[PDB]
Every structure is written in structure tokens, then in C-alpha cells.
Amino acid sequence: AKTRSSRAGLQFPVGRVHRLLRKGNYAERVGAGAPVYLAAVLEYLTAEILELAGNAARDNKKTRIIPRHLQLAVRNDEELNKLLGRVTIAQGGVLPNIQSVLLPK
Amino acid sequence: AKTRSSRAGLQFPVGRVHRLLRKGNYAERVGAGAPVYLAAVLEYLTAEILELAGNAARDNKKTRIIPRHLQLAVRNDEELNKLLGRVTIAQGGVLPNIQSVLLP
Amino acid sequence: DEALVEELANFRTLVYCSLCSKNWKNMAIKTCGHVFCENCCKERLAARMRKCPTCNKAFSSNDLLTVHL
Amino acid sequence: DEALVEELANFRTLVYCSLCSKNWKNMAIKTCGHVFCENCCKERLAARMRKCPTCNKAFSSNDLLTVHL
Amino acid sequence: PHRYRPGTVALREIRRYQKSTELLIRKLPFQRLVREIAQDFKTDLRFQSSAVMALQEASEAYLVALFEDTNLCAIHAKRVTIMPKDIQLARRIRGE
Amino acid sequence: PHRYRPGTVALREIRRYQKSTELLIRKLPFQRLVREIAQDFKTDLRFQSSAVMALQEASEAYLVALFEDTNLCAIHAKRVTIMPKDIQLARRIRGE
Amino acid sequence: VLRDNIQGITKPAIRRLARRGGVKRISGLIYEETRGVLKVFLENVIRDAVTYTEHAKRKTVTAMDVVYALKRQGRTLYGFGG
Amino acid sequence: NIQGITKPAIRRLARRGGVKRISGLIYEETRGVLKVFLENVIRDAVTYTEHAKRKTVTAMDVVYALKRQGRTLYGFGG
Amino acid sequence: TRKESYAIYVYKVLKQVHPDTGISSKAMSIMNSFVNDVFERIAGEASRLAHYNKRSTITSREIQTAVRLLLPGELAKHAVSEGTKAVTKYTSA
Amino acid sequence: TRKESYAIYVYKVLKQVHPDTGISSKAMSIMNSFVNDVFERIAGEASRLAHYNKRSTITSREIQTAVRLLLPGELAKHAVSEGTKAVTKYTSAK
DNA sequence: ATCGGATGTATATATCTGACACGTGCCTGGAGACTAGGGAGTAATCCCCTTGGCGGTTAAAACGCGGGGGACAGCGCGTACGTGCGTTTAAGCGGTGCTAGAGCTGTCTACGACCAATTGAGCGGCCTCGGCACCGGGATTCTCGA
DNA sequence: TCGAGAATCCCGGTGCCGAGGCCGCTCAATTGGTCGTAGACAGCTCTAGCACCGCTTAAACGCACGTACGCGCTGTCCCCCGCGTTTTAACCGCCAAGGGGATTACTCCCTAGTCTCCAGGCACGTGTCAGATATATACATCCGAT
Ligand SMILES: [Zn+2]
Ligand SMILES: [Zn+2]
Ligand SMILES: [Zn+2]
Ligand SMILES: [Zn+2]
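Protein chains in written order, with PDB author numbering: chain G, 14 to 118; chain C, 14 to 117; chain K, 632 to 700; chain L, 632 to 700; chain E, 38 to 133; chain A, 38 to 133; chain F, 21 to 102; chain B, 25 to 102; chain D, 32 to 124; chain H, 32 to 125.
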């Protein structure tokens with residue numbers, strides 16, 4: 014007996030998403046292929062950020078991602094920065110930037 | 014046979030609120046005393062704003078309530094202005110004020 | 632002759648962007664040092680493809696450096 | 632036909648180092664985007680020639696980047 | 038040749054226009070603009086009159102509320118004239 | 038002896054604090070401040086450690102995000118020193 | 021098709037809004053800057069109304085799609101049936 | 025009390041922000057700004073912790089109170 | 032078909048505060064939208080607040096605290112009292 | 032008792048993009064709380080679309096038009112193209 | 001500062017219509033009455049976690065002095081914008097015509113809720129060693145008064 | 001212009017505790033039927049959105065002229081930055097007591113569900129009067145000569 018995630022060729026669990034949609038008072042009935050569409054979107058967004066953070070985790074000669082590396086991944090790209098526009102990541106810090114008028118001549 | 018709203022003593026309908034709250038997918042069950050409590054709060058706010066609107070209309074020698082009086086009454090009161098923060102009223106207008114430095 | 636044309640053709644492949652074959656090589660990546668044209672590179676950055684066509688190494692926008700001649 | 636002979640020489644001087652005319656342009660400068668050969672780069676650092684020839688500016692040790700093709 | 042000082046007439050238009058409630062842009066020119074913009078997302082589309090009216094009722098409020106805050110940045114810099122560098126700062130501080 | 042021109046130390050410490058990541062305010066006085074503020078709503082309360090940590094993180098983020106908006110309107114007046122009027126203008130424009 | 025209708029927003033029309041806003045003196049280079057701000061506010065609102073009006077299989081924009089689009093951006097509007 | 029937020033601590037936050045020169049009246053202004061924000065968060069946290077008949081305000085109440093004010097915070101669960 | 036509204040109730044309330052004034056049809060729609068927005072965002076906070084505590088029913092206690100989280104300052108102190116005073120009457124009868 | 036999280040699935044996704052790279056506990060706790068936030072927004076927006084048109088089932092169309100309403104610009108194209116390719120594979124499977 | 005002439009802003013009385021307020025028919029949604037079962041209130045208990053106190057280092061805070069750069073005020077000039085007038089353009093209003101699409105009604109079939117039986121996937125508890133933290137030494141770069 | 005001095009980086013060695021894998025074990029996802037209602041589809045009605053034309057006439061447009069304001073420059077002086085010395089209490093490690101948060105039984109009563117009945121809120125029709133429009137009149141205001 015196969016699993017629905019394996020049948021759909023995904024990595025995320027489809028049954029748990031199907032149960033969470035049902036036990037959440039969202040609608041009276043839930044369609045068949047709604048979880049298999051919603052679980053394929055939650056994985057692409059995760060794979061995007063986990064790929065953009067691995068470059069930062071390498072430019073600092075590290076081999077283990079820490080929250081600082083996730084902070085620099087969602088602030089250097091417009092698409093993700095506009096989606097997480099009102100989110101404060103703990104232990105994140107800021108982005109190095111100095112106004113051009115302050116520097117000496 | 015008495016109405017459910019007359020027992021409480023309100024003007025707003027209790028049964029309509031109950032069936033609207035029991036069919037909007039909020040919770041699996043709805044308590045008996047919830048519509049009575051909710052229909053008494055909805056009645057207070059409307060009277061609160063509709064008295065200020067009436068006074069504003071009366072100060073302009075009119076005898077009706079055009080949308081301008083609503084905007085005036087809302088923008089002249091602190092709590093109401095804070096509650097209705099990011100909302101716009103059609104044909105409302107603007108509160109008259111001029112910067113002090115601009116005058117001669 | 633053919634040898635004169637062949638060297639002309641051989642050097643032509645070195646000046647033009649391989650993707651476009653229409654503009655001089657202008658844009659270089661710090662990570663790998665490969666040089667392409669500025670126009671072909673930018674459209675890739677809007678297609679969410681951050682891997683080098685040649686050395687496959689990942690890169691970002693800040694790693695783009697202009698070159699002259 | 633001298634018509635394509637000039638293009639090859641124009642192509643040749645573009646890729647050859649304008650200093651020695653014997654090496655490819657494989658060592659570029661990060662500060663101002665000019666490209667030369669590695670042969671003509673480290674000889675200048677012997678006398679601390681931080682001033683670039685083309686635009687005449689200073690540089691450093693991390694302003695020289697390896698480039699290919 | 039009875040002229041006015043440069044600004045006493047502009048100081049009266051503020052009082053005139055802060056007391057009336059009506060649309061300030063011409064209806065046909067504004068309505069053509071919406072139809073021009075909305076033919077790229079999907080062609081051969083139709084609109085109700087109320088949709089156009091409601092779309093116009095919000096742009097007025099947006100522009101008016103934006104012109105109120107750019108008048109504070111000009112006062113901050115000891116001026117009375119509003120330059121294009123104030124609209125950029127006022128729009129950047131509130132995040133857009 | 039040896040001295041530095043006014044500004045170099047400021048620039049280097051700016052460069053320093055924009056590369057680190059720990060908390061800037063001391064922990065025990067902040068905890069005391071939170072416990073004192075909470076007293077006026079309901080007496081005899083208790084706090085978890087994580088609640089105080091989250092409060093500190095949120096406060097630091099808010100203050101840091103506000104000091105970098107007051108600086109942007111301090112420059113607009115051809116000035117290089119932040120002022121309470123700059124802070125007030127930034128807060129007013131943001132929409133508090 | 022219809023083109024270059026952005027010039028229907030005239031200089032007096034722009035200045036009348038500024039008068040209501042409260043300003044007194046207006047610089048020369050304000051009209052072009054302002055015409056580029058209204059053309060961006062009208063894309064975000066319309067791209068959502070069009071999304072709403074085709075999920076329901078219709079081919080005409082109603083007065084409720086605009087209200088929903090304005091509500092989705094924290095700009096709720098009273099008076100049109102919201 | 026409010027005197028625990030010392031001047032060097034205030035100035036380090038400004039340095040992280042990116043300012044170079046600070047007027048002498050800034051600290052008094054900023055203390056009264058922070059004191060207003062803390063009250064706004066704590067009142068909602070206390071209402072949340074009081075609705076459930078509890079006596080200890082937990083981290084999840086603070087997270088929810090921050091969330092409903094347009095300021096979400098990752099890293100503490102939920 | 033038909034469609035429902037709060038027109039009659041709003042008019043009935045209006046003839047209580049000011050017994051000699053009227054109201055226009057254009058402001059009536061605004062008054063009808065305001066009461067739909069307030070009721071929508073008050074009852075949307077109770078469902079989420081009851082989910083936090085692993086409950087299943089929204090009772091009067093879930094609304095008494097949902098009012099306190101939305102109405103600012105002085106307004107809540109009056110709304111809570113007037114809502115509480117109405118339930119006691121209903122329970123007695 | 033038991034507690035459920037996406038920590039086991041995020042790690043499986045991570046080892047497909049970067050074969051040799053770890054992740055710390057705080058980073059895992061942040062990546063866990065981001066997925067819930069996105070999931071609570073998509074479904075919450077899809078419910079209102081069903082309510083508006085007097086319907087009662089959340090099918091695959093509401094999810095598609097709710098993704099096209101929240102994600103900005105160019106992300107939506109890829110998200111839709113990745114969802115509509117998984118659905119067709121699922122429906123024509125064993 | 002003190003009058004005066006002209007201009008735009010209130011102030012008072014017809015008149016006239018289209019929207020507000022009121023009345024009636026009728027149908028569907030709300031009020032009564034009874035039943036069953038599961039959510040929620042209440043009592044006991046136990047064990048983690050919060051509060052409180054004590055002693056040593058030492059890192060950070062407090063205080064004082066010198067001086068140099070930046071905030072601010074006063075002047076002068078010239079270009080850009082406000083005000084008024086004559087001419088031109090397109091908006092606003094009315095009326096007519098036609099047809100594409102919204103909204104409602106009746107069928108019926110395929111799809112999702114619901115229940116009984118299985119089994120393997122994901123969670124809790126334990127080990128272990130290697131990546132990262134930390135410290136001590138040179139080598140390179142950056143600033144300032146000559 | 002460049003040397004003295006201070007801050008910063010590259011490298012090597014040592015150590016430790018948290019990530020990564022492993023194993024046993026519940027209970028939740030999977031199969032397999034069954035049924036009844038939501039929704040897809042075809043057809044009909046009618047209304048409201050689009051296209052065109054003619055006639056005012058209000059407003060957009062171009063031009064001349066003057067002047068108030070933006071911008072650059074110069075000077076005085078006072079207040080904030082850098083640096084050294086002294087006083088404080090934050091931080092770490094350790095210990096102990098008890099409160100209340102979480103968990104498990106047990107019961108009971110309050111809300112969902114069904115059937116019956118009828119009055120209240122809604123669609124449609126009609127009178128009439130509140131306010132919009134026009135007009136003559138009183139006055140506050142402003143810029144100039146003095
Ligand atoms: Zn190319
Ligand atoms: Zn490469
Ligand atoms: Zn060379
Ligand atoms: Zn150069």
C-alpha cells in the first residue's frame with residue numbers, strides 16, 4: 014500500500030494537510046485534489062529559501078545554517094522581501110548599509 | 014408568544030444574529046446567551062455615532078443626515094476616529110484646517 | 632583564405648556572448664570569472680536561475696562585475 | 632580583402648594585452664573594470680604601481696580577479 | 038489693473054475646496070484611463086457604472102491624503118513650495 | 038599624544054554593531070521594568086523566561102527600525118544630527 | 021484600442037486636489053511625478069478585481085469586486101454595498 | 025524602573041541604526057516612546073493570560089498579542 | 032427574491048435619540064455597512080480565541096473578552112457594562 | 032505526550048538542494064513557524080472565495096486563485112506551474 | 001498707523017420638484033415543545049519550574065576636561081511661479097437602438113461524508129564524535145601630523 | 001607627500017556539547033463499500049451596457065508681467081566627541097522551598113435536531129414638503145495712497 018504523497022511524487026505529507034484542512038472550520042466539505050495542490054506549494058517556497066540560505070551559509074565559511082543566514086536570504090531579494098514584509102526574525106540583525114552623505118571625503 | 018429580543022429589551026433582532034452566527038463557519042456550537050450579548054453591543058455603537066451625526070446636522074440648520082455629517086462626527090471624536098482608522102466614507106470630504114505657518 | 636577566416640571565426644566566438652552571439656562580452660561573475668553580455672545575464676536573473684551556464688556554480692546579483700574591452 | 636583584415640587586428644588588439652601584445656586578457660581589475668594579462672600585472676606591484684594605466688587609479692591585493700576567455 | 042498679492046487668492050481656494058464634497062477629476066477622461074489600463078490583464082471586458090464610480094471615489098482620497106503628508110516634509114525643511122523630493126520621502130517612510 | 042578626528046570612531050563602531058547579532062540592552066533592568074509595568078493591570082503575576090526574551094527582541098527590533106527612519110528625515114533638512122522634531126515627524130508620518 | 025489617455029489628468033485637475041490637501045505653492049516638476057503615482061495605485065486594485073471577476077466565470081466587472089479588492093489592501097470603503 | 029535604560033545602551037541602538045551624531049535631548053524622548061509600546065503589548069498579553077484562568081503569562085500570549093498588532097515574530101513557536 | 036438589511040432597526044434606534052430628524056438613503060447604506068463590518072470583525076476574533084483553548088462553543092465569555100481587545104479605552108468600559116446588563120434581564124425572564 | 036512538526040520534512044527537502052549542509056535548532060524552529068504562517072494565510076483566503084459565490088466545497092480552483100492573490104509577481108507563476116503539474120500526475124496515477 | 005474704493009461672501013424671500021415617509025398584501029423564517037448524547041464542570045495529585053537568597057569577578061557605567069566642527073543667523077541675487085485676459089476645445093446632457101450577457105429554473109449523476117479492519121510511519125529516548133568556540137602569534141592594512 | 005602607531009585579519013592548536021543516527025512502539029493513514037445531496041448543464045427571459053448624434057458653454061490653454069522666495073556665501077560660539085580615572089552592580093555558580101500547570105476519572109445538563117404554526121419583515125404603490133435654484137441686499141476684507 015503506497016502513500017498519497019508518494020503517489021503524487023512529493024516530499025511533504027498530503028494526509029496531514031488533508032486532516033488539518035478538515036479540522037479547522039474552513040468549509041463544510043473539502044475536495045479530493047485540494048491537499049495535493051496545497052502541499053506542492055508549501056514545498057516550493059521552502060526549497061527556495063533553503064537554497065538561497067545555503068549560499069550565505071557558505072560565503073561565511075560555515076557548514077551549518079543559523080538564523081543570521083536566514084536573515085540575509087529574505088532581505089536581499091525583492092520577491093521574498095515583499096512577502097515577509099512585516100516579519101521580525103529572532104537573532105537576525107540588520108543589513109549593512111551606510112548613507113553616502115556620512116562618509117568622509 | 015413573545016419575541017426573543019423583547020425579553021432582553023433591545024431593538025436589534027436576536028434571532029437573525031443567532032442564525033447568522035450559527036451559519037458563518039465560526040465554531041461548531043453556539044451558546045444560548047451569545048446572541049443576546051452580541052446584539053446589545055451592536056446597538057450601542059450605532060446610537061453613539063448617530064447622536065453625534067444628529068447634533069452635527071442640527072448645527073447646520075438642516076433636518077436630515079447627509080454623509081458629510083457622518084464624516085464630521087467620526088473625525089471630530091478621538092475614540093471613534095481610532096476605531097474607524099483605515100476606512101473611507103464616500104462623499105465624505107475633509108476636516109477644515111490650515112497650517113499655522115502658511116498664514117500671513 | 633579559410634585559415635584567415637577561421638581565425639576570424641575563432642576570435643568571433645571570444646568577443647560575443649555565447650548565449651546571444653550578438654553583443655560583446657560585458658558582464659562577468661565574481662564566483663567563477665566567466666564573462667558574458669549584460670543583456671543575456673539580467674533576463675536569467677528574472678527567471679530564477681542562479682546557476683552558471685558553464686561552471687554551474689551558484690551566484691547572486693551582487694557578484695556581477697562589468698568588464699571593458 | 633583588407634576589409635576583414637582590419638577587423639581581425641581590431642579583434643586581436645581587443646583580446647591581446649595592450650601592454651605586451653603577447654598574452655590574453657586574463658587578469659582584470661576589480662576597481663574600474665579594465666582587463667589585462669597576469670604577466671603585466673605583478674610586475675607593476677614590484678614597484679607598488681597601484682595606479683591603473685587606463686584611468687589611473689590606485690588598487691590593492693583583492694582588486695585583482697582571475698577571468699577566463 | 039486691480040491685481041492681488043501673490044498668494045492671497047491661493048489662500049482662499051483652500052477654504053473653498055475644504056468645505057465642499059464633490060469629485061475633482063473629469064468623469065469621461067478618468068473612465069477612459071481605467072479601460073485603457075484594464076485591457077492588458079484580460080481583453081474585451083465590461084464595467085458597471087458603479088464600479089467606475091467606486092474606483093474614482095478611492096483615488097481622490099488616496100491622492101488627497103498623500104498631499105497632506107508631503108506638505109509636512111516641506112515645512113520641516115523651511116519651505117512652502119513642495120518639490121518632487123518630498124513625495125519620494127513621504128512615500129518611502131510609510132513603506133511603498 | 039595621539040587622538041582621532043571626531044567621527045572615525047563613530048563610523049567604525051557603526052560598522053561593528055551592524056555585523057553582530059546579540060541583544061544591546063542589559064537583561065536584569067529590562068526584566069525589572071517589565072515586572073513594574075505589568076503591575077498596574079493585575080497584581081501578583083508570574084512570567085516565563087521566554088516571554089521576557091520575546092518582549093526584549095520585539096522592543097529592540099522596533100527601536101532599531103525607528104532610529105533608521107528618523108535619520109532619513111534628519112538628512113532631508115541638510116543636517117547630520119538627529120533631533121526630537123525629526124523623531125516626531127517620523128512617528129506622525131508613519132501613522133501612529 | 022485607446023492609448024496615451026494618462027494626459028486626461030490635467031494640471032488644473034491635479035492642482036485642485038492639492039488645494040484640498042492644503043498646500044499653498046506648487047513646484048513645476050510635480051505634475052509628472054504625480055501622474056506616475058496614480059498610474060501605479062490603479063494597477064494593484066484592478067489586477068485583483070479582474071482576478072475576482074474571472075473566478076466566478078463572469079465577463080463584466082461588478083461593484084462588489086472593487087470593494088473586495090480595496091478591502092484586501094486595508095482600504096475598506098463604505099457606501100457602495102460593503 | 026525606567027532609569028535602567030542607560031544612555032550608552034540607547035546610543036548603541038542608534039549606532040546599529042546608522043546615525044553618526046546624536047543631540048543631547050534624544051534619550052528622554054526615546055524612553056517615553058518605549059514606555060508607550062511596552063504598555064500596548066503587555067495589556068493584550070495580560071488579557072490573553074487572564075481569559076484562560078491562568079496566573080502566569082506565557083510566551084505564547086506575548087506572541088499572539090504581537091501578532092494581532094500587525095507585528096508577527098518568528099522563532100518562539102506557533 | 033429578497034435581501035436583508037438593518038434599515039428598520041437603525042431607523043427605530045434613530046427615532047429614539049432624535050425624535051424629529053430624518054436620514055437620507057445614501058447615508059443609510061453607510062450605516063448598513065458599518066454594522067456589518069463591526070459584527071464581522073468582532074465575531075471573527077471569538078472563533079480564533081476559542082481555538083487557542085481547545086474549546087468548541089463560543090459563549091458570552093468569549094465575546095466579553097473579544098470586545099475588550101478591539102474597542103479602545105472608554106468605549107469598551109461602556110459596551111461591556113451594557114452587554115452584561117442585557118443578559119441578566121434575559122435570563123430572569 | 033505527542034507533538035507534531037515539519038522538522039522531518041524540511042530536513043528531507045534540504046538534502047536535495049545542498050547534499051552536505053546541516054541546520055541548527057533555532058533555524059529549524061523558524062523554518063517550522065514559517066510554513067504554518069503561510070498555510071494559515073492561503074486557506075484563510077480560500078475560504079472567503081468559497082463563501083462569496085454561495086458555494087460549500089473548497090476544491091482545487093480556490094487554492095489556485097488564492098495563490099495568485101497573495102504571492103507577489105513572478106513567484107505566483109512558478110507556484111501555479113508546480114501545483115498544476117503535481118495534480119495531473121496524481122490524478123492519472125495507480 | 002489711518003481712510004477709501006472695489007471685490008467677493010453672507011442674508012432674506014419666491015417656486016417647484018423629486019425623494020422621503022407611510023400604508024397594504026402575503027409568505028417564509030422565527031417561536032414552542034420534546035428528545036438524546038456528548039462537551040464541559042469539578043475533585044485529586046504530582047512534579048516541574050519560578051521565586052528568593054548568597055558570595056566573587058570584573059566589565060560596564062559614571063564623571064570631568066579640552067577643543068574643534070557643525071548648527072544657526074544675516075545678506076544678496078536672479079530665476080521660477082502666481083495672476084489676469086482672450087481664444088479654443090471637448091465635456092455634459094438629452095434622446096434613440098440594438099443585442100450580449102446576467103439571473104433564475106428543472107434534471108440527474110458523480111463525488112465526498114461515514115464506518116469497520118490493518119499495518120507501517122513517525123515520535124520519544126540514548127549515544128557519540130566533529131564542527132565551532134576560544135586563545136595566543138605574526139602580517140597586513142588604515143589614520144594623522146609632518 | 002609618508003613614517004609611527006593602533007586596529008584588524010590569517011593561522012594553528014585545544015576542547016566540548018549539540019546535531020545526527022539508531023531502535024522500539026503506539027495510533028493514524030490506507031482499503032474497501034455505501035449512499036445521498038451539491039453542483040454541472042441546458043434553456044428561457046429581460047435589462048442594462050454600449051454605440052451614435054446634436055447643442056450649449058464651462059473649462060482647459062497659451063501668453064505677458066512682476067516679485068516673493070530658494071539658494072549660495074560668510075561669520076561667530078557653543079556643545080558634542082575622545083580619552084582617562086573611579087565607583088557600581090550585572091553576571092555566574094549554587095542552593096532550597098512550594099505553587100500551580102498538566103493529567104486523569106466521573107457525572108450531568110445544555111445545545112443540536114425535528115415537527116408544527118403564524119405573525120413580522122419585505123416588495124409595491126402614493127402623497128407632499130425640504131431643499132436646491134434664482135435674485136436683490138448688507139457687509140467683511142483687502143490693497144493702496146497718505
Ligand atoms: Zn549575450
Ligand atoms: Zn561559471
Ligand atoms: Zn601584458
Ligand atoms: Zn582604470
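Worth flagging that the hints you see were computed from the coordinates, not collected in a lab.
Cβ coordinates follow ideal geometry from the N, Cα and C atoms, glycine included.
Incorrect hints may have been included.
To be verified - Think about it this way: if two alpha-carbon atoms lie no more than 25 Å apart in a straight line, the pair counts; the simulated SDA-like pairs of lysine to any residue are: (1) A/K56 x G/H31; (2) H/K57 x G/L116; (3) G/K95 x F/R67; (4) L/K682 x L/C672.
Claimed, not checked - To be clear about the criterion: a stretch of chain F counts as covered by chain C if any three or more of its residues have a C-beta under 8 Å from a C-beta of chain C, and this derived list gives those stretches: (5) 36 to 48; (6) 68 to 78.
Hint by hint, here is what the structure shows:
1. The hinted pair formed by A/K56 and G/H31 fails the criterion: a straight-line CA distance of about 43 Å is larger than 25 Å.
2. At roughly 36 Å between alpha-carbon atoms, H/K57 and G/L116 are farther apart than 25 Å, so this suggested pair is violated.
3. A hinted pair counts as satisfied when its Cα atoms are at most 25 Å apart, and G/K95 with F/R67 qualifies at roughly 17 Å.
4. Between L/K682 and L/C672 the alpha-carbon distance is near 11 Å, which keeps this suggested pair within the 25 Å criterion.
5. Remark: the segment 36 to 48 of chain F is confirmed as covered by chain C, as 3 of its residues place a Cβ nearer than 8 Å to a Cβ of that chain, reaching the required three.
6. Here the segment 68 to 78 of chain F counts 0 residues with a CB under 8 Å from a CB of chain C, which misses the bar of 3, and the coverage is violated.
Hint compliance for this structure: hints 1, 2 and 6 are not met, and every other hint is.
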